[PDB]
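Asks: Based on these hints, arrange chains B and A on the given structure of chain E.
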Amino acid sequence: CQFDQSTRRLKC
Amino acid sequence: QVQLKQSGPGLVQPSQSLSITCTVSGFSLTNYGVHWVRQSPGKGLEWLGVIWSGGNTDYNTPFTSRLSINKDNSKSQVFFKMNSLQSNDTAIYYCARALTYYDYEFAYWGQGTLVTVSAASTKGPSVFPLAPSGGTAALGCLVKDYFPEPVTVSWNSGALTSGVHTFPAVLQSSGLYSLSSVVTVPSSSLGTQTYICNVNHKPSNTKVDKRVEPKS
Amino acid sequence: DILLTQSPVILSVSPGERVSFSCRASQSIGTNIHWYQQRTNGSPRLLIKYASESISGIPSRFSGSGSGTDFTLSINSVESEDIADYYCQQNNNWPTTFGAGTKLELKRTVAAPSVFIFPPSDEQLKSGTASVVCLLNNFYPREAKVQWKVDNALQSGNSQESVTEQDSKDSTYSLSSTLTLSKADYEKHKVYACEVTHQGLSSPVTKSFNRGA
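Protein chains in written order, with the deposited numbering: chain E, 1 to 12; chain B, 1 to 133, 139 to 221; chain A, 1 to 213.
Fair warning: there could be bad hints in the mix.
Unchecked claim - With a straight-line cut-off of 30 Å between C-alpha atoms, the simulated DSSO-like cross-links for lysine-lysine are:
hint : chain 1 : residue 1 : chain 2 : residue 2
1    : B       : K43       : E       : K11
2    : A       : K126      : B       : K207
3    : A       : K126      : A       : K169
4    : B       : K220      : A       : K183
It is worth saying that the hints were derived from the structure and are not from the lab.
Just chain E, with the same shape it has in the complex:
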């Protein structure tokens, strides 16, 4: 995964 600053969620 990688943190996504647009959602503040991990994007996997």
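Replies: Just chains B and A, lined up with the frame of chain E:
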């Protein structure tokens, strides 16, 4: 009510500096340190430094040369400055307070500041209607061609939350963002209830209130 | 620095189940570990301090255990509102460091999308560009296929999709597909259709409009 409120998001040009203000309430800066943490795609959560109640500062080792933290006890303000930003310093920056004056369990967080590092220009969005026409109607607003992130969208000044979906922004091939926000409502409400999407792009100080209704 | 390894990377569970997050430190840190929740668009929220100690305001279903190098965050009966990422933090050694996170995903029954299509506004058209939007609302699982056809020609390369995070109340997703055309291209064609295929649909769903009707 312990609260930490940070200054707004925006663009920093590469090799230039980032400044953020953290205004606190419900406690005194003479009694608690304030920490700074960032969250980036490349490195996730990263503690950056702290200004202690007595004014001393500690900085995490990779930042000691480009970070400075100051404060004004009387104004309840903490000032964060980081120099020579590069593209991978794009991140959410937070201030935070621990439970105890000396510790690092971060019980209270600022709302975060999205900092984008880019040579581009700030640009405010255009807002277009997604106009409706089983018993449920969908309507929405298309918030197009803005930079940098983020934009906030509410409906009916926050009074309408049920059934709202605001999608993650997508970066278009133009280098500008776009997003849509939609809500589902009873189709028999479209005549007498007004539906307004409230759009705020703080980086460009662009505010738009857009009524969405069925087209003729 | 101390390296913290969180596992699994993605924790997929059914509602009501007990769930366990693992955080393992590269060397002993005693019980000096704290846990945080991060919901969509949110700031981290402190859940557990010093491995096992409760935090005011946090639901009782959250607990923690462990000492030395292996630590566990537990949710004894998971709810849809627990959809979030979960992070551990050590502070036995300066500087304090965080793990990479575990994403919590919630299983639910299959739900077919409700589909809506939106033509471009006349306001946008006078800018020279037409955006056509197709909405897929409140579906599960996340995988879905949206195909655009303009006068029965499959469009390729001129659409983008955005998918929400899992909804905290009903565990569904929604998706928005945007087809971008020049005004000139838009005015040259009549039938605009979004065709949706999804596990909960026995056959594809097509929504369409005719330009100028």
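Asks: Hint by hint, note whether the structure agrees.
Replies: Comparing the hints with the structure gives:
no., hint, in the structure
1, B/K43 with E/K11, "holds, 14 Å"
2, A/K126 with B/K207, "holds, 26 Å"
3, A/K126 with A/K169, "violated, 40 Å"
4, B/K220 with A/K183, "holds, 19 Å"
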